[PDB]
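There are 4 protein chains.
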Amino acid sequence: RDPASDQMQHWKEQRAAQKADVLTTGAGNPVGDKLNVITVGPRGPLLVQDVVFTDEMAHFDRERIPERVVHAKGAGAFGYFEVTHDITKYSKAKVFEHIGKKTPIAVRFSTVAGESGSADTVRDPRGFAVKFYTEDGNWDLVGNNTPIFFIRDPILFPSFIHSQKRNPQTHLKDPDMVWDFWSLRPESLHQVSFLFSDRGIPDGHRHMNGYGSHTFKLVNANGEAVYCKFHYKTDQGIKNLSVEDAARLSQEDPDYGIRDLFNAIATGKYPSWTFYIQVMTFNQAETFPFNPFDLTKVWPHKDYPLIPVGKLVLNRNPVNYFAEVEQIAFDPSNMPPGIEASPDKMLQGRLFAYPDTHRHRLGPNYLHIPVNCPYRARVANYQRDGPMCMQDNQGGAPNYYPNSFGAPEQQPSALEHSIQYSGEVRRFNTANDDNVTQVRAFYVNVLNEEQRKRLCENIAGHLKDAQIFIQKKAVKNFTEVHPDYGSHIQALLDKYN
Amino acid sequence: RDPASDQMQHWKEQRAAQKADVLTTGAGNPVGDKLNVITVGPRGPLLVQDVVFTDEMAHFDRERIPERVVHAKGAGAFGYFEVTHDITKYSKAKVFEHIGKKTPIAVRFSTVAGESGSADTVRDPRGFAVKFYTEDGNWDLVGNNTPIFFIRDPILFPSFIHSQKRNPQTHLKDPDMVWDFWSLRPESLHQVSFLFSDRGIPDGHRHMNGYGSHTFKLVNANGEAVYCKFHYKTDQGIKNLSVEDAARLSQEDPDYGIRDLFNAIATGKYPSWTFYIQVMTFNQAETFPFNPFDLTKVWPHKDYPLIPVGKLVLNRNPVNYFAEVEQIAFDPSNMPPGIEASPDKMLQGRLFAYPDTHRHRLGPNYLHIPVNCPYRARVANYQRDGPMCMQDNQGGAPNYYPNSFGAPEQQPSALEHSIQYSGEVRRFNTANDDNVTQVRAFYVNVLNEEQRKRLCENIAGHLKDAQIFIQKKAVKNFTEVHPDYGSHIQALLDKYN
Amino acid sequence: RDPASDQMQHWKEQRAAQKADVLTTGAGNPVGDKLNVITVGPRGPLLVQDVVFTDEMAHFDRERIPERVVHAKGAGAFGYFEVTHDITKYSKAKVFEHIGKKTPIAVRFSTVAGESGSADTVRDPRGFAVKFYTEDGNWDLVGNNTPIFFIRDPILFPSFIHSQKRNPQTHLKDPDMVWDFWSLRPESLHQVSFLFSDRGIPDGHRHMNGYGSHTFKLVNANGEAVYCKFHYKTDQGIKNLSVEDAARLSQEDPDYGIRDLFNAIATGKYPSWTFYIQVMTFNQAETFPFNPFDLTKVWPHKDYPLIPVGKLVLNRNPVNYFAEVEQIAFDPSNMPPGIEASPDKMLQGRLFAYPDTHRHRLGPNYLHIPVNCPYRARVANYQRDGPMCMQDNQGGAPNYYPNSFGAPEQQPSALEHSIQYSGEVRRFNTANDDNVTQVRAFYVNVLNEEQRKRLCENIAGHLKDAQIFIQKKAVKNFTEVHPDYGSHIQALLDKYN
Amino acid sequence: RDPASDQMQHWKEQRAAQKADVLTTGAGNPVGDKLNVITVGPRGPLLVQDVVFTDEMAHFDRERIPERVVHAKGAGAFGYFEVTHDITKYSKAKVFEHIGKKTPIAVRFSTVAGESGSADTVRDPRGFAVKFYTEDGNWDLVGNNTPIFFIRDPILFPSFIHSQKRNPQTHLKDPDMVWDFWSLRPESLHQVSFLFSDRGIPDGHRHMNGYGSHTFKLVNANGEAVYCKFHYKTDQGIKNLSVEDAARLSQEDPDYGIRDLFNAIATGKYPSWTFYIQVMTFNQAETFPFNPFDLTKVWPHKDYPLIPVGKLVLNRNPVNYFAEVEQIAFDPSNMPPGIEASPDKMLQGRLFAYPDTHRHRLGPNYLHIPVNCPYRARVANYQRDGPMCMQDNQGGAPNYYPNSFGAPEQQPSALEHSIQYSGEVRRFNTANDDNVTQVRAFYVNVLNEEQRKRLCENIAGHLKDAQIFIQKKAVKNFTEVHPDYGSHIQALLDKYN
Ligand SMILES: NC(=O)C1=CN([C@@H]2O[C@H](COP(=O)(O)OP(=O)(O)OC[C@H]3O[C@@H](n4cnc5c(N)ncnc54)[C@H](OP(=O)(O)O)[C@@H]3O)[C@@H](O)[C@H]2O)C=CC1
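Chain order of the listed sequences is D, B, A and C. Start counting the first sequence at 5; every next residue gets the next number (the authors' numbering). Start counting the second sequence at 5; every next residue gets the next number (the authors' numbering). Start counting the third sequence at 5; every next residue gets the next number (the authors' numbering). Start counting the fourth sequence at 5; every next residue gets the next number (the authors' numbering).
Errors might be hidden in some of the hints.
[To be verified] Subject to a maximum C-alpha distance of 20 Å in a straight line, what follows is the list of computed PhoX-like cross-link-like pairs (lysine-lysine):
hint: 1; chain 1: A; residue 1: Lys-16; chain 2: C; residue 2: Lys-477
hint: 2; chain 1: A; residue 1: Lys-273; chain 2: A; residue 2: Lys-315
hint: 3; chain 1: B; residue 1: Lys-477; chain 2: D; residue 2: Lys-16
No wet-lab data here; the hints were simulated from the structure.
Please model the complete structure; the sequences and the hints are all you need to start from.
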């Protein structure tokens, strides 16, 4: 049988020739029995003085923690990232120090929509989270499997998710809400084209690219800075499932992703991604036609060639799923000195948003869990006593700054980068930004005829459930994209209507 | 379209001719805009003084609460229970006071295994929770769709669930663990026969019976007591899905149950259950062949006729799903004066187990949520300040008992019932109890030939994934049940092997 | 006896001629007894089936919620705020709409240092929190009893509190940490003069002024804006305790504040504060000598006359202490359209800081507690399901924005005010700002000789416990203030040394 | 200066000749500065992209955990317990295995009434918690400084505490509630005599005895059992403060206990307690005049001589207060094989009560904190994933019992002890038990005349604040004790009245 099917047997194979341990309570008390409760005779009530039953049950009651607000489903792995090119001219970060550096990494694949226990094979953006344990602490690159996103305003992310998830009264999936929100916000027409294309349903998790999709800013040792995007493309080649094959797999194995990834890791065919960077200088950022920090826009390849940096390989399965996938925390705020944030609105939103949900779900001291703890660095600061602190709490060191008792002092070299902006502070409306150029280029340059047919078929198949006027608004936006696009969509609609 | 598909439209239909309200923050502050964040110019970073974005995001982060440890999936409804017979000779409870009493009820259907978001149509015991708002507070009847259960010892319930759920390392469903636990505990051979029979997959939720399955004890006004079981059978007739139809529906609509129940409630075809009681006197309990409080045994119909009491009808959908299904709490401990607990070990376990998980998941003051609050009675006790108390905290009344300031005093009439037991207090082993008689009667009396064929087919189809020696132990237990049973199972096994 | 001593008797006096209620469980089940547990005979163990004991104990275990990080001790009251002057030329807020408006208010007095249960009469800044239930939601004015504060940088507030509180290893109060932090940050020399003056220990809570101390910004109906400060001064006259009287009261009645305030409210002598505003125009803000938004600076009275607005009166005691003082939440972010935040760094910090601790301590839905709920307005937004939501969750309304189902839409009139700033975005150092002018004016103009003697005595009495070199640095800062000041401090020091 | 005054200096003395560390964020990111926030120019608002401020503030907000429901104030120490006599004839426990065994121990002193931050020197029972890290897991002996307690029924403990704590409406201490509850429950007259005697206020914490006060049961290797009580008496001699000295110290140093204990531990005068056992055989338990398991009764010394076992010495201060005193959990349920619970009602209540509050306050996985973790044993069981699990979660081992993959199996030798009880299961009333004999013996045998005078003075001084009829009921109970007692109390009363 497959490794995922012969897991516990392998455990018995590894733990041969050693005697089985003694079943004890949480507090090391060895127990008499765990196959019967204390009673008053054979047909009598229970006694409170049966402590083992009470302890076991009271710990069993609290086995669940709040699922993530988004990307609930998940499959994780561990590996090491390796450098192959010099980019020290761009960054000071110890992750790009020299050639031949092994940095431990954790990775997690997720589905933005599906809750804990849904069928994985569904038309939804896949999430690709990477965490590097750099010598200067952690770095979290939280990417999507698409180079863009539905919206460009952070204040709309809650509503968006509310539309993508179940109904408030019926508690069902409703295409009505999804298509209403999509038609009202035209800035999404691009991402929709990506979502309903052939690359919408990837082959498990080893056959899909991953994109940073955020305009980061690198600073060199000299203090100069350039804007950049991170990419990483698969070495196993892009592979995607037909709608019928995904439909069959959603019934056969609802968790095909986790099974495939685990079988591949236990088999020895180590999956690998190649790491690329797009670089842009400040003058180019000033002379770019669109807004160079808009999340819905991409950078054309011709004007911005890719630059190889390194590769990712995953060579370890999680010893336990819960402690290494359910309890892992990715903060886009964890950026080492050498990688800064930009004026990109969505990145600014995420910097504040992520740690709050991490404190709610895991616990106020989530940074002390061994999967999150930065063991390749040293933690020393003026954070103190919180709920469930598993460390020594840094002993009796002074806990106020500044002081005069030789306490930890700031590093003057890790200062941030400064750049001047001009204009009033107010609310700017961005609903008037371009939405039709890049999607048109994607339509008439990237796709062939058969893939256009499949795309229109998928969109019509998912859109046939909406109301009449939402359908009219959607097809109006699509004919705004291109006449052929809208005409095909509308034709298949009246075929379904 | 169907009501579940035309929900929000109906809302717009109900709220016609009234102007749309003003979008405000949590604290009633009317907002300027919710379509853009404060920036420093058009391409500048965000400001902290954008309070609305911070508030919205920080509330969006905490939208998830820990899912139930079991029975995560759910569909709820509201109705009223109505009496049609006099059982005042048996109970003092105000729910059975007289003929013509309308008691408000909440009901919830669930699946013991499937987490939040799985396909509903699966071979697993369905849970049937009812809550009566009796004039003397709440009463929670937490039943199964089968008259029995897998085990008879409460200390084994955690392990059982751990076997029924995902693997700890691979995080997949493993038939290995399930069948190992089932073969090691022969007391389950009965329930398995129920689970893998034709009634294992019911038709939505309106086509399945519900059973209390616990030996309760009723006490009259005179103080005399009799043991009893509660039943309630559907008026729409038993209906079940073929394995192929359930397989297709698990892909088409993963939430067929909620959809069907909601469409039926909104259509007007009010589903109804008939309420029956089995009664037994103390002498009968002393002269019963098996243990009359064993959870794996049933009471033969001939010796114990059914007694009609009333009917349940569901005539209201939840106004909001989360506040009326996600936040409802059923405690088998909430039993009004007139319905007592018995020496049944599993009922004793549940009495302590349920409130603990309810305090963990919802909150220490979960009894103040309008869906749980006993509005048909008066709450007055010496419970005080806790986290998030939404009530007046009963004002400045004395908070200690006893006192001399005319505070709430105990009701001397609601005393419990007392009965003497003989024998030492110790651990009794119950693994030597009968496991083969009732299952044999179920096999050779209840079933026809075709249903036997289907049962053996289903068991073999689910068991073909286990190891060799677990298969040998399972077929050994089955041949212990009956030779034909085991022979058919083994034949289909070597066909699959 | 005094009302605070004859509280519960009065309850018995109010509830005369009505029969005592029935003691019930949380779920309305009337109980048999609450003076003995179920046992197996007279000298036997307990039974689990004693549900009432389990429920009572399990609710008693969770009676504590995390105390506030600061201002733990507290005494609260309720009243109404009344207007007496027209300031509509300055603000649009419905709280200053016209003359003769009654706005319900809640107020709370606290001590920044002392934990829950310490002696109130101590040398520490007193906190004065007011909450108006304006027709456009809540407004929280969270003031101090001094017009200034120790620091001017928000990032230093944690360290500051850590110094003011107990030692990490010994868990005692240490003057060493306090005086080290004070000497290292000279910007505090002003507030210290206020803290160790005669007005440091007020007479209970009805004999102290209260100051907004934050530079707010008002906007009129025309859209023009002016900077302002809020003041409110007592009508009972400033009264302060001698160090010996406060020392005696700290032993006699550790809670003198709560007792005095409650006795005064129950006696009928309704305490009252007069509400004043300081106003400044943008040109004045540009031509001000110091930084007009510095928290350590005041505005000289001569150049900025006070403007009366209204008065506060407290005419109601809390019906229950816990539900009306322990569970009240003041957010400086709750500012109605008409009162904006300024570039004041500390106000910006507080806007983000307060709601986070409020979500941690109370609960994610703390805005649903009747003491915090804005009942004088209407809540309608796209916030949804959270832990322990006591409301109807706004029923089955659409939960995404924008939509096309006549949902709540933004109010275009409540837009914020915009003003341009020039200069790079970076870290500015403020440790070089003036610290000696206003403190010198306070010393040689405000105080007489005897009060100077008392101030120097108090500072020396509290400073005699520090190390030698911390003493040298403190007296160096004081001689930087003025030679006589430092010389007196040093003289009394060598007297104590 | 004293060690408690020269703590942090000593740290600087220990960390001489090493360079100060680098101040980093929780996630190892070294920081630029912590003395100023990011602004838009010198007088501009803050930016969200200042991550360090957000992280620091959000962690500072959650620095508080719910204080214990009782015994909030505390002072802790660490040491080792050493055996000096053979009691293997009585117990099998590895703590009493042989002579010369060093078992690590943690100890904590507390005050049952005073909240976190009150003056320690007050008339209230002191709590003495000891935790042994035995080779077979932890053992928690949670004793009082008196051999008795106020009540004998667990269901009354909440009400009792509610009376001892602050008023619900006024939030003050009220002698009315305390004396009403004491007069209504005469079973307390004994403990009151102990509480208001000279030994009510001990000299710090090194000058008071400690008593198990619970009737435990020991079982030998042979399986025979005997009832027992644990005692431990100080080697520094009983020392107590006069009411005037305690009054002065409550103003001078509110935390005299922690200061004294820490100074003594850092000075080298290692405090020591001598460990004694009272033993009783089953026949003696059957022929005892009173109820031998009543919490309000003691065992006369003459009939039951003390048996020395070992001594406790404290030779280590807590490295950090919070992680070693605020986060320590004592469960009277943690009893190694060899020390059992008895039919004592209060011990049965505590066995269930303690772990629930421990799960609420600390966290569902509180047994993983290094101060609570049983490092002298091995934990291996079927408890799994919970909130904030800091361990490896025992890797991919099977998580269900029983199984067939060589998993941890129960220890058949650690079985519990069984004994038969006779009589019905019901509610027995114990308010008719003797309350006057032992208190009379304590009065006329243990005390001299001067101590009687002091006792009556203290009781009158605390009782002068109650109502008239509560005073009459109290003096009636006291004259029930003895005529002279009541007459003295009443005389001093009319002197105060
Ligand atoms: N309360 C009880 O005692 C129950 C007993 N049984 C079975 O009846 C056996 C003999 O007791 P007896 O008094 O003769 O019961 P009866 O034969 O008198 O009554 C038959 C019962 O079996 C139910 N039943 C029939 N087919 C199925 C099925 N495929 N899945 C689930 N339930 C089914 C019937 O439901 P329906 O009412 O729709 O006919 C009915 O309740 C027992 O061994 C037990 O297995 C089953 C359920 C309840």
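>> Can you confirm whether the C-alpha distance between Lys-16/A and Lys-477/C stays at or below 20 Å?
In response: Roughly 19 Å between the alpha carbons, so the hint for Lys-16/A and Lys-477/C holds.
> Does the structure keep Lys-477/B and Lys-16/D at a Cα separation of 20 Å or less?
Replying inline: Holds, because 19 Å separates the two Cα atoms, which is no more than 20 Å.
>> Next pair to validate is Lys-273/A with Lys-315/A; report whether the Cα-Cα distance is within 20 Å.
In response: Given pair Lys-273/A, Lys-315/A holds - Cα atoms ~15 Å apart, limit 20 Å.
Against the hints set out earlier in the document, no violation occurs for any number.
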